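Have a look at the structure below, then the notes.
What follows is chain A.
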Amino acid sequence: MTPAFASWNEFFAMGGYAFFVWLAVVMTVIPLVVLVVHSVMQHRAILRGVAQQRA
Partner candidate 1 sequence: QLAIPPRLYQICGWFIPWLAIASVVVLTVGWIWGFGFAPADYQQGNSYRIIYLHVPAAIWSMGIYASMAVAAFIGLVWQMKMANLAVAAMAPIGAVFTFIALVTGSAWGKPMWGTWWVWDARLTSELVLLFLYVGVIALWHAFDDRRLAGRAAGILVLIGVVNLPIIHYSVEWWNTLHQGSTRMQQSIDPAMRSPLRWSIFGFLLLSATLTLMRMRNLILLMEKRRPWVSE
Partner candidate 2 sequence: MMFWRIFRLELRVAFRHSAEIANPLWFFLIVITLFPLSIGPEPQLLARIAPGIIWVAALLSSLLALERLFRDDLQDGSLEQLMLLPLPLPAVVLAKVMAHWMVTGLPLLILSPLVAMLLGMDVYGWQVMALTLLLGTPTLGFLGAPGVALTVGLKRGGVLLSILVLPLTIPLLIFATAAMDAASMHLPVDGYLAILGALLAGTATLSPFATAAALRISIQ
């Protein structure tokens, strides 16, 4: 109902240290996405390798 900020990206995403906070959040979100995508793609690749082994 009420935020700690005041307005849109002119008030949000710019608090005087915006670059550091946004660099931190992006460099945290990227490794998690990399981990999950690597794990799921490896999961699919193991079944692919099992299927191709069936020959």
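Some points to look at:
Following the convention adopted for this analysis, a residue touches a chain if its C-beta (ideal position, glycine included) is under 8 Å from a C-beta of that chain, and two chains touch if they have at least 3 such contacts; residues count from 1.
As a selection rule, all candidates are chains of the complex that A comes from, given by their letters.
Of 1 or 2, just one candidate touches chain A in this complex, namely 1. On the chain A side of its complex with candidate 1, the touching residues are 3-5, 12, 15-17, 20-21, 23-25, 27-28, 31-32, 34-36, 39-40, 42-43, 46-47, 49-50, 53.
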